[PDB]
Amino acid sequence: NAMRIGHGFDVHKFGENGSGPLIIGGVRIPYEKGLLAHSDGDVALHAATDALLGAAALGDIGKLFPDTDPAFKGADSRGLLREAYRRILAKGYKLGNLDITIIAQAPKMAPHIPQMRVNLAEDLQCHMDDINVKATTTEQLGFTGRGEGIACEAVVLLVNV
Amino acid sequence: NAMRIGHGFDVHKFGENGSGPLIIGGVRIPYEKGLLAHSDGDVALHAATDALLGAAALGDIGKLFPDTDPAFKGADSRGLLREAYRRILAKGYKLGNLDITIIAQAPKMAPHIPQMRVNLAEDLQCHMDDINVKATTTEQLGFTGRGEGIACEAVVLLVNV
Amino acid sequence: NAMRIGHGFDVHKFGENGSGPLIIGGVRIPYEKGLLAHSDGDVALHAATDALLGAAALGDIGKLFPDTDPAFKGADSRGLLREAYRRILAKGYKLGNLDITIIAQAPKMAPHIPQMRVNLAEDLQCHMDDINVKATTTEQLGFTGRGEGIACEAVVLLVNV
Ligand SMILES: Nc1ccn([C@@H]2O[C@H](COP(=O)(O)OP(=O)(O)OP(=O)(O)O)[C@@H](O)[C@H]2O)c(=O)n1
Ligand SMILES: Nc1ccn([C@@H]2O[C@H](COP(=O)(O)OP(=O)(O)OP(=O)(O)O)[C@@H](O)[C@H]2O)c(=O)n1
Ligand SMILES: Nc1ccn([C@@H]2O[C@H](COP(=O)(O)OP(=O)(O)OP(=O)(O)O)[C@@H](O)[C@H]2O)c(=O)n1
Ligand SMILES: [Cl-]
Ligand SMILES: [Mg+2]
Ligand SMILES: [Mg+2]
Ligand SMILES: [Mg+2]
Ligand SMILES: [Mg+2]
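Chains as they are written, first to last, in the deposited numbering: chain A, -1 to 159; chain A', -1 to 159; chain A'', -1 to 159. A prime marks a further copy of an entry chain.
Same shape as in the complex, but just chain A:
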């Protein structure tokens, strides 16, 4: 079977005005709060990993890396992504292309998108043209608009090698 589709969706709640600031798409972004989570809280990498595992019918991140397991407290999401991708390659698939939509009232994602694409293209061993990332606001509506957290949605295509 030639191609497979995958979808990922992930949310994190902000901490308080201590938090050690954002990592999104492997990029450290300046901000007054960070996202609370078992690992580094990288919403964009989580959504992307799930899209990949989902396309491969491998479940999701929780399947591969139990949230219960203390070996992943503060785990680097880029490492989790690379491991999942390794498994996807093992199963005979490689990335066709990926598209990510970050949903956050703030901070601005646009300055960091090029580096995010760099990190992803590295991690998924492909050309940067196979990675798209956008960011969008929720016009101050709902919990993202209220600034209580950031959500991220990802969509992916795997090609059979």
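Please keep in mind that the hints were generated in silico from the structure rather than gathered at the bench. You may find that some hints are simply not true.
It does not matter which identical chain is meant; a pair holds if it fits inside one copy or across any two.
As the list claims (entries may be wrong) - Pairs of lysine-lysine residues, derived as BS3-like cross-links and limited to a Cα-Cα distance of at most 30 angstroms, are as follows:
#1 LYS61 x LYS11
#2 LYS89 x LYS106
#3 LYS106 x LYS71
#4 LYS11 x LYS106
#5 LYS31 x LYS92
#6 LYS31 x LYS89
#7 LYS89 x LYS11
#8 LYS31 x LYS11
#9 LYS71 x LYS11
#10 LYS61 x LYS31
#11 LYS92 x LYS61
#12 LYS92 x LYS71
#13 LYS71 x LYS31
#14 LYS89 x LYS61
We have chain A already, so just place chains A' and A'' with the ligands on it with the hints.
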């Protein structure tokens, strides 16, 4: 045209502490409330049906099965899915693969995912490897995090027969 | 590379009981409020444009048409869509198919869907069978259910010409 993409999204509000407990992905899940709806309220099957009808440019579930029509009060969502799939086959398409993301603060979906995949693979007459299901929390943010309802998002690929 | 996937997501907040009523999918829909936005606020066309640009790894609408730029105040979203599609064709891709899910408590989208599909098929120079549009409610949950805005989600497939 070789392949077609489809997306589905569906939400249901919980009832009170009577409700007759969850059906999700055709699986009856133990819980203090059920989801109010015209049919059985199976959010995951609704999202999946819409993804399929959407890929086929057949509209959505409301198009095929009027919500107004009393013949579908408490309708089995698996039956609705099978009917839609019948129509998709009629139009010359079959499932490539499906991926589903349930968004619910509770109860835990993970124990039921294998059976959900069984029901879907049966319904869409395919191998279980063409079905992925994940569940995710919203970290207690928004109406799902607040426990007022469950949302579900589905993505699908149809292949031309 | 044969096919590319894209995802779009967009939200707009309603104005007050002046607002000059809805445009969605290029269709003017009767309503007591309109959606506030820099351009015409057409959530469905925005989500679709982003899905297209995202599949093409061209970023999103903000990339092509700065929100800062006064040349796009009240810009027609259909025009923005046509420009983006022009760029996608330039890059060697054409629409495979598109699917859109409008998320709105009200007004009813169903009466307008056929015209929306007409506008899109015109804009993306394809057959209406390559366009699907659905609408869904959020059962009065969250900010859409509360009627403070409308959200829209789009998914797309590009084929290499
Ligand atoms: N956290 C965020 C959110 C948005 N953006 C940028 O702002 C643009 C869109 O933001 P938004 O206010 O959500 O735009 P629209 O909803 O499309 O506004 P309009 O109705 O005027 O088209 C995006 O392309 C993105 O580059 C960003 O950098 N960081
Ligand atoms: N109703 C739910 C919600 C979640 N899960 C399980 O819990 C995992 C993820 O839950 P969540 O708390 O949403 O995880 P993350 O947001 O990814 O947490 P982290 O930041 O620590 O990675 C999933 O893989 C799923 O198996 C579940 O069984 N039932
Ligand atoms: N703003 C809206 C929202 C919904 N609809 C129509 O109503 C149907 C579904 O609405 P909804 O109440 O969201 O349906 P379900 O959630 O699927 O209800 P049920 O549980 O009974 O299946 C759709 O197919 C659509 O045609 C509409 O015209 N305009
Ligand atoms: Cl909310
Ligand atoms: Mg984490
Ligand atoms: Mg129902
Ligand atoms: Mg606008
Ligand atoms: Mg909400």
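Subject >> Homomeric proximity label, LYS31 with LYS89: Cα distance no greater than 30 angstroms >> reply: The answer is neither: 39 angstroms in one copy and 40 angstroms across copies each exceed 30 angstroms.
Checking an output row: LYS61 and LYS31, CA cutoff 30 angstroms. Within, between, both or neither? The answer is both: 29 angstroms in one copy and 27 angstroms across copies each meet 30 angstroms.
- Item | Identical-chain pair category, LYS92 with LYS71, by Cα at 30 angstroms | Cα proximity of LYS92 and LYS71: one copy only (28 angstroms, versus 42 angstroms across).
Copy assignment of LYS11 with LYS106, given that the CA separation must stay at most 30 angstroms: Both, since 17 angstroms and 19 angstroms are each at most 30 angstroms.
Practice problem: First find the shortest C-alpha distance between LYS61 and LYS11 inside one copy, then the shortest across copies, and answer within, between, both or neither for a cut-off of 30 angstroms. | Solution: both (22 angstroms within a copy, 28 angstroms between copies)
Inset, instruction - Evaluate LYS71 and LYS31 at a C-alpha cut-off of 30 angstroms and name the case that applies: within, between, both or neither. - result: Classified as within; 19 angstroms inside a copy, 33 angstroms across copies.
Can you give me the call for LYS31 and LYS11, within, between, both or neither, at a CA distance of at most 30 angstroms? both (10 angstroms within a copy, 26 angstroms between copies)
Cα distance capped at 30 angstroms. Does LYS31 pair with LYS92 within a copy, between copies, both, or neither?
Classified as neither: same-chain Cα gap 36 angstroms, cross-chain 42 angstroms, threshold 30 angstroms.
Original post:
How do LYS89 and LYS61 come out at 30 angstroms by Cα distance, when the copy is not named: within, between, both, or neither?
Top reply: within (16 angstroms within a copy, 36 angstroms between copies)
- Query: How do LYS71 and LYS11 come out at 30 angstroms by Cα distance, when the copy is not named: within, between, both, or neither?
  - Reply: within (17 angstroms within a copy, 34 angstroms between copies)
Exercise. Please work out whether the CA atoms of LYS89 and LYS11 approach to 30 angstroms or closer within one copy, between two copies, in both situations, or in neither?
Key: neither (34 angstroms within a copy, 39 angstroms between copies)
Original post:
How would you label the pair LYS92, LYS61 (within, between, both, or neither) given a Cα cut-off of 30 angstroms?
Top reply: Classified as both: same-chain Cα gap 20 angstroms, cross-chain 28 angstroms, threshold 30 angstroms.
In summary, the structure is inconsistent with hints 5, 6, 7 from the numbered list given earlier, while agreeing with the others.
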